[PDB]
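Asker: Letter by letter, the chains look like this.
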Amino acid sequence: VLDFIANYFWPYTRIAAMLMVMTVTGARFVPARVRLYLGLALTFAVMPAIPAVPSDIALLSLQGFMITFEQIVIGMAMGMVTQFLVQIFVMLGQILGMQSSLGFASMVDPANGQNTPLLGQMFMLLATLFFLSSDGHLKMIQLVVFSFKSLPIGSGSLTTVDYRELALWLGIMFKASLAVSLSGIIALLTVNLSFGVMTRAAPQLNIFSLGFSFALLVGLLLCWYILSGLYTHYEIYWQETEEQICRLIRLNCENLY
Amino acid sequence: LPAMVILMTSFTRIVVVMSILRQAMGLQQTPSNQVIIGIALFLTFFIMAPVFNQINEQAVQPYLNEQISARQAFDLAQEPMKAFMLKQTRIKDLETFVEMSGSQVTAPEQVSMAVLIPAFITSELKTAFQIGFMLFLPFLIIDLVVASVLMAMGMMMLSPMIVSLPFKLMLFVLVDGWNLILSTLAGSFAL
Amino acid sequence: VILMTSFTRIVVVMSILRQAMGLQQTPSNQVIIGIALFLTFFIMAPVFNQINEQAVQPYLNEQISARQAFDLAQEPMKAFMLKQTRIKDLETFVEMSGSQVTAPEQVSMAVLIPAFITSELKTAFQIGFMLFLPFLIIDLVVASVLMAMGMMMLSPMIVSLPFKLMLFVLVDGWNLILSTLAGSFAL
Amino acid sequence: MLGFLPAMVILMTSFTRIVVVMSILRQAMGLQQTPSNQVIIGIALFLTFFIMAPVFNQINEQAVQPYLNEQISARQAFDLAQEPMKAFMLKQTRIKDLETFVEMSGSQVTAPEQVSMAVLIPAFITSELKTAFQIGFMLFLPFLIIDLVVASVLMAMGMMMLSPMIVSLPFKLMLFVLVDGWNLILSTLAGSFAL
Amino acid sequence: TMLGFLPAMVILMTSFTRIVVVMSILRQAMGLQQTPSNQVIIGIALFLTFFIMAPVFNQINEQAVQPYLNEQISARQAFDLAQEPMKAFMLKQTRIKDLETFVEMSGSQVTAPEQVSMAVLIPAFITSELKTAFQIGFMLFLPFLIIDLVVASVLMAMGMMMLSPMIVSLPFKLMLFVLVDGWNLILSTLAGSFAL
Amino acid sequence: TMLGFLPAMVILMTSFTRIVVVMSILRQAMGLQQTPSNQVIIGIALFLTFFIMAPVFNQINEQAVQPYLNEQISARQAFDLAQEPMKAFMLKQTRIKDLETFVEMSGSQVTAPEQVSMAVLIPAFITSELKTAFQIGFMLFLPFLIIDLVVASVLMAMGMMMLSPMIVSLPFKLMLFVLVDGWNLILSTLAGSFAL
Amino acid sequence: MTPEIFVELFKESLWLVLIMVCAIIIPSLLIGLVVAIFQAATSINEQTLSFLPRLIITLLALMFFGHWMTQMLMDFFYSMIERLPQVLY
Amino acid sequence: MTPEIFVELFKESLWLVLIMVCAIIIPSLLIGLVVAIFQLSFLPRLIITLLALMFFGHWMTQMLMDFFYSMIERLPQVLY
Amino acid sequence: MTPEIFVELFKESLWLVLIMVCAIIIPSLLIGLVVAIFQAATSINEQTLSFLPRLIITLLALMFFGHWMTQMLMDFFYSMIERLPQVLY
Amino acid sequence: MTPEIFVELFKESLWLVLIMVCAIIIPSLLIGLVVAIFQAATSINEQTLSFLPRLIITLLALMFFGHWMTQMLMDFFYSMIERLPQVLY
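Residue numbers (the entry's author numbering), protein chains in the order written: chain F, 8 to 264; chain A, 109 to 299; chain E, 113 to 299; chain B, 105 to 299; chain D, 104 to 299; chain C, 104 to 299; chain G, 1 to 89; chain J, 1 to 39, 49 to 89; chain H, 1 to 89; chain I, 1 to 89.
Wrong hints could be hidden among the right ones.
Dumping the calculated DSBU-like pairs for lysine-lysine here, alpha-carbon to alpha-carbon at most 30 Å [said to hold, decoys possible]: (1) J/11 x D/200; (2) F/182 x A/200; (3) C/200 x I/11; (4) G/11 x F/182; (5) E/234 x E/195; (6) B/200 x B/190; (7) A/200 x F/146; (8) F/156 x F/182; (9) C/190 x C/200; (10) B/190 x H/11; (11) A/200 x A/190; (12) A/190 x G/11; (13) F/156 x A/195; (14) E/276 x G/11; (15) E/276 x E/234; (16) E/200 x E/190; (17) E/234 x E/200; (18) D/200 x D/190; (19) G/11 x F/146; (20) A/195 x F/146; (21) F/146 x F/156; (22) E/234 x E/190; (23) E/276 x F/182.
Derived from the structure by calculation, the hints contain no laboratory data.
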């Protein structure tokens, strides 16, 4: 009796699909039941702000499966951008590490070898805090709310030009990771050239005489330095990754949060 | 389907903090997600005891002595659980979900439970990912230190996610860890 | 079904690139799968248009039976794949299944797919070799400059990674390779 | 509640200590999940029935024997079963953790035997895992000694590659069998208890 | 209670293992570490095994599933019906020395290798598939190792000692792979190994 | 609650966990990311066990299961009859030196070892298995390490300091393992180490 | 609960890390330096000669700084646990 | 399957490695010998290595492809 | 359980590592050094010349010191367990 | 199972390593030595001159001693399996 779940399945699916990827909820550390009951609870809350789903579309019919996939796509799309956001800083971490010679086993051997995700694992904490300190996830959920009124159920999805712009984000990530870390990269390289001068002085100094000592030191030090004004860049890139989600669900930006 | 009730409590926070911890020090699939679900289901019974007391000694037993409508029991129990959450949810989360609900901005202690639940869980997740990542950070200091010391003498290969696990456990037990971590999580709930 | 798409080639090209940078597992293979999954829609979009037109709308307009619509659905897919497979490679497998056919269009699904995947891997490697070319060039030239200096505290890989980056993004990087993964599928 | 009762009842025992210890050991050997989860959660499950034999026997005689003969059940039998569990766990927790949780619970105690189960357990788990980590670190070091010396002889000759985690497996296994390994280890993990 | 073990029987019953093992040796051979390539290995070997057991799977279908319209029978000469063609098939790819060192351990000696207990052929079938697979792997590996040796050697000779001859050997490992038409031969050779 | 742990116990009462650890030590010994499937390891071990414990399963089904078809008794025979054959099995592999501790710490000291409680023999059986398994491992492991040491040394001899002697040395190990019939000798020794 | 307080909290930890790593390595750095100078003095060109003394000095320093480091890090973890309530609010 | 068919199959791969690397390095060897007879000597040593590369590359890849094909050929006899 | 019993328990293993490593390596360092001295006395500039003589001793010592090493480390592992009950409480 | 069977079995593997390595490498030492002597007599200060003839030698030896080596190691593995049951119990 009261088969309501049929009435609100699609919005819930869009919500939870956005959730299964979003950098805070859809990460690890959170068992799938938590995320599932979180998504199912959000619908009850936004139940007012959801237009009537297009009737006559039974779930157990091809017509329903097409659109259900057409919403899972939007959901994955919204979160994957935030994923790119935090991965910007992950790459910052892994660049500054592998430049410090800290991560070295996978730089000599790209094969199975050995990876050291430590500095990157730390900067991911930052990016998952910045997205939380400034309440990113709230804005991200509000965007999904507005989505039911900009990219409504049963009325279109992302277009081909949207996907292409979205898959460009990998270039954006490399660009951002350099825009942030250029100061430290250049300094570390100059210090490595200072090394090279002092070693050209005498060919005795080798990888197993003073191997990586100054490298480790300066790589950590310039990382601490980059840490100083790191929130500013995150604020800038949050604007881009926010307008981008505004591009998907058109929504006419510059109106609210 | 009933597991929402337990997830209405301070359960999702302890689950998350413990999962960040298990992954903080090398350990993966050490004490199984079932084990941490257990430890959380116990710390929750320890924390929410006043709430369950308000429920039992005020609506439960008088319902076994019914003299009341069955839904009246939920109605009188919907209130104390609410009051517990309202001491935990952030104000920003509450007002933002009032906006998103479409309902007018009404006074707190007045919004329905349905808006309280996700506003509660998101505030809990915020608090938990902060607490854990600030407990996480130390266990990462050791990792960086030992990996740097390795790379110093070199050796390039001794996976520093195990050569550091002794130090991690020694340093986690030197502070007694759980009598500080499992306590602060119980002291982080004024209700 | 995801294998019937192009994503198979796409992700391999992705990971080839990742290891070319010397930044292993840095784009978080979850993210790589995401971007590669999104390209697949930017590539397959014209195909999916015809797929919807042929029977999807008519079936929903009740203009074809279920099994007949399903049989019609594979046709544009077969046509699309037949332009990517190589003659020799398709030949090997159509023979190795024994049952020869006159027209490659009449080849069965479960036998075209395997020849499709190997034909896709081969061309994916043909792409990836081009991808490694500039990065290997950069590694070699920086190592050679260092050796001319002969300082040996350089370990040219770790000092070369910043150059790999400042010369991937400086040349607009992902936009060019993307254009090749868009032009590679001349349908 | 059925989705948790397996994890609820397994925690009343010393299951967790054995699990964590054998896990730390499995990673000490460097072995990449060679004794899989279905191996460790089986061996540490058996050692529970080996250790919890007295508690289980008292349970059966005082709860399951009354339940099969149906003297009184599900109200009194559950309580009678609650007793020996407290008797067992209470003899293993430290004082400090228990006073911590009992002052946190707000309900004051005068006789440590008279803490409620819901406050007894959460003090037991914290005083168990802490012991588990102590044991684990105390078993780990000898293996670490093996790694760091191996991982140094290699660099001494120049072999920067050839991960010691492949060349130092035989040393660790020879050591572990020469000290009889699973004999001494699993005995102390069985002798640590007051039961 | 077999929700975990059963998924492993189906691949061992068939000859799914050899392709996975050889292609996974080859994945390391290319020096290419990819969890993506590691995943797609399963797809490649899986559809290869489809194409390979199409005769035997189709025969088993004709013997059981097509009769399983009226089904005429339940689990007595229906299960033991399908038990036969798989035993016929595996027997043509195992060695004989392997099977006789196993039947002697079972002690249940049979005059006919065709009337052999299933529970001893499969343990003899796997030790045979793995041996054949390692043979194929040591066959396919050598050219790439030669590439690696030449690469490291020229790098060391020209003086570039510190450069890692593992990030630079990969382009030539791909060149030599594609010049030989890559998988087209390899899988073919694999299909050649299962000569029935 | 006795639903998700049965697969972890019904296997461990058996002589199963030895072959697992042995082949898993080998799987790393090859200088080689796993490449049998984990399912391959568990399946070849599952069948080796169904092959080895045949005297015991042939007694379980014959004395307890098939008698439980007419069922002849309200589920009491099998709960009490199936325990003696397995106890007599394990007791031949359990060292007495290891059992001495497990009995004196259980308290119920019995002169007749077969009269030991099952819950005391089983944990004595496990701690006796892993010791045997590690011994067999350290036996089977050393050759694959001789290869690696000699390979790394000859590589360092030319200065090839970066060649990563885990790619170049895989063909040599796989060659050695093929020459000696490999698994045939191995999976017979494990079959032969269960002296029963 | 502010972005700046998090970055401050992390720069603290990085400072801890850096002072620890200097404390440990600088002896290794100086000993590698002097052994390399002794190498270049008599033109003794050996690569891994300098791995014995450097490792020895690192082990000796681990013995030496064994207590100060753990005391420092424990103080830090305590301060971390002190700051948690204000992080809640 | 026999040790000797595996020992010879390995000896030939070694022969390949030898004849391949020498074709590349001998020119560097000779130029270094002459310049040291005169005696800086690395950048030239790199020029001539690239020259030998571009010169003998076709023959090298042809020889290796031949070896790969022959490897494939002698396979089914070794399998059984 | 104390910040001192875990620092001393640490110093023990560090001392073992130190003595094991030096016992193994000092012959290798000495033979490499005399090889380099011979190089200097013969104007020999070879890089991997002193490898084989150095690995020869690095192995001969590991067989000559086999039993002593495995006995020392075994005795240590033993002492890591006698004190286990005293530290568990 | 006894501390001496596992140390002597270990001496056996180390002896294998030593004899294989010296078989393969000593000719490389010889060629490197004579090449360095050639440089010194000719006053030639070249670093990687030696590597070409030295690699020639070690690749010739891998084919000169191939069957003998793979026979030795095979026999060793065989003796390992043979003596296993006397160590298992």
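Asker: Each hint should be assessed against the structure and marked as holding or not.
Answerer: Quick rundown of the hints versus the structure:
1. J/11 x D/200: 28 Å, holds
2. F/182 x A/200: Violated. Residue 182 of chain F to residue 200 of chain A sits at ~34 Å, over the 30 Å cutoff.
3. C/200 x I/11: 28 Å, holds
4. G/11 x F/182: 25 Å, holds
5. E/234 x E/195: 14 Å, holds
6. B/200 x B/190: 17 Å, holds
7. A/200 x F/146: Measuring from Cα to Cα gives roughly 11 Å; hence the hint holds.
8. F/156 x F/182: 33 Å, violated
9. C/190 x C/200: Holds, at roughly 17 Å.
10. B/190 x H/11: Between residue 190 of chain B and residue 11 of chain H the Cα gap is close to 39 Å, so the pair fails against 30 Å, i.e. violated.
11. A/200 x A/190: 17 Å, holds
12. A/190 x G/11: 39 Å, violated
13. F/156 x A/195: This hinted pair is violated, its Cα atoms lying about 33 Å apart.
14. E/276 x G/11: Roughly 29 Å between the alpha carbons, so the hint for residue 276 of chain E and residue 11 of chain G holds.
15. E/276 x E/234: 26 Å, holds
16. E/200 x E/190: Between residue 200 of chain E and residue 190 of chain E the Cα gap is close to 17 Å, so the pair holds against 30 Å.
17. E/234 x E/200: Cα-Cα ~12 Å, so holds.
18. D/200 x D/190: Holds, at about 17 Å.
19. G/11 x F/146: 28 Å, holds
20. A/195 x F/146: 23 Å, holds
21. F/146 x F/156: The hint holds at about 16 Å.
22. E/234 x E/190: 19 Å, holds
23. E/276 x F/182: Holds, at roughly 12 Å.
Hint compliance for this structure: hints 2, 8, 10, 12, 13 are broken, all remaining hints hold.
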